[PDB]
Structures are given as structure tokens and as C-alpha cells.
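The other protein chains are all here in position, but one chain of the complex has been omitted.
So that you can tell them apart, the chains are marked A and B in the order they are listed, and the count of residues begins at 1 in each.
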Amino acid sequence: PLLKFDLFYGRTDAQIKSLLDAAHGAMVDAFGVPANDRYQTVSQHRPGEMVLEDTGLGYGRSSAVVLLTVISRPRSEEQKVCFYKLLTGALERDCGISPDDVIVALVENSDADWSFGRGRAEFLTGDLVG
Amino acid sequence: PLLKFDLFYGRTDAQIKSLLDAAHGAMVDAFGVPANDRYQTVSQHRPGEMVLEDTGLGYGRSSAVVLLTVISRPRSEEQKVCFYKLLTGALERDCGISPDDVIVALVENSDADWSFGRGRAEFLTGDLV
Partner (left out) sequence: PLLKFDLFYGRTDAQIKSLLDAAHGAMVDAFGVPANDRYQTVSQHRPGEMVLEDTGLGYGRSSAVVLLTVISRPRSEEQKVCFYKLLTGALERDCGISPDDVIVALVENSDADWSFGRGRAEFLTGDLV
């Protein structure tokens, strides 16, 4: 999958790397994909450029908040549930980010909807599985 | 849903917050979700960073152009059609943005594809909806 993060400015480069490493690990373990299946962007925002409330659930938000949008081929409900739990556990333990500050939206596509390089559709050619 | 706006730089902070409030209102009006079901991001762009034409329709575009991308569980065609009209209505009235300067694309997902907090899938657990 592709992991796109929206965060506020204020982290050091190492803290941003840490966040990305922690999240990548959670994804690999929840999804069972290769360790080098790593595709991640970070967009940093000024105050004002995100409004992230809680739908009345009683979260907890700060300027440390992390919004993650994932584009992925179909995963089981169990894999998605586990990814969410692994993600917040990693970001808490590794980065000191409260689980109240993590929000994830996932969108799905399929085999023909990826090219990782060279103009090839690797899920279609079978270079990747599949 | 999650509302992601791409706009050009130039608005003041209060003008940005107006676009966000106007759009959020429209969304609540069209979709009937809780008022605090508010998830929005804004990416501001230098000249050059968007090219947005009109497929020959005759719109009107300026530096005020707003591109909105929505991630949402399925809504009806009716709800979508109403959203678009509500959205440009509110942006015109509240923000002075011509409806010519508004573009929307929506993509859909499912109950399992959201986590609003704490690693929980609240549509799956039944905490929402």
C-alpha cells in the first residue's frame, strides 16, 4: 500500500523519520507484506490547515495529531483492525504520540491500479504477488 | 467523511477558516452526519502547482479556485448532487467564491476503512453510526 501522512509542522527530521519507521513496521506486520514494500509521503501543515475533531467520541487531540490516508489493494477486516491497533501502539511506544492523536482513512483499489516503476503493472505481470 | 482541499496561497487565516466552515456546513446539510464529524485538510499551492481547466464547459477559473477531494462511505446519488449545490452555494455566499471556481472529486470506502482514534474501528465496533 501507499501511506500518506498529514501532520503539523514542528517535528525534527529524526522525529519524522521515527514516525514513518514506526508506521511502516505496523503496516508490514498487520498486512504481511514484504519489509521493503515501503511507499510513504508526509505533508506538513501550518496551524489552520487541519481541523480534526472527534465525532463526539472524547478524543484527546493536540498539534501532534497524525492523519494517515492509505491506498491499498483489499485487505481483510481482521488485517485492517490489527493495523489500526499496531499503528497506535507503535506511535505511542516509539514516538510518544498519544493514541488519541491518530486518525486513519483507507481507500481500496486492485491489481491493475499500481505501477511501482518502469511503466509496468507489477501485480498484472506477476513481478509482485498477487 | 474526510475533506481535502487544494487551493492557491493568498487567503488570510480567517478566509481559510470560512471556506472550511462553509464546506463543513454543506457536507453536514447534505449527508446528515454529526456536527463534530469534522475532518479537513488544506494544502496551499504556489502558482504553477495546479492546472485546472474546464473540459470545455466554459467555467471561469481564477486564482481563487478550490479543488475538493472527499473520502467517504457511500452516499446516495441524490445526497452527492445536493452536496455539490450546497457546497458552491455556501462558498459563494460566505467566501465570495464563484461556483465557477469549485471542483469536487469523491472516492468511497467502507465501515472497516476508518479509525478516528485510539486504534479502534468505530464503525465496526458500533461506537458510530
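In this text, a contact is a pair of C-beta atoms (placed from the backbone, for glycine too) under 8 Å apart; a residue touches a chain by one contact, two chains touch by 3 or more.
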Sole contact to the chain not displayed, among B:35, B:52 or B:129: B:52
On chain B, residues whose C-beta touches the chain left out of the figure: 6, 43, 45, 48-57, 59-60, 67, 69, 77, 80-81, 84-89, 99-100, 102-108
Missing-chain contacts mapped onto chain A: 2, 4, 13, 16-17, 20, 24, 33-34, 36-44, 71, 107, 109, 112-122, 124, 127-128
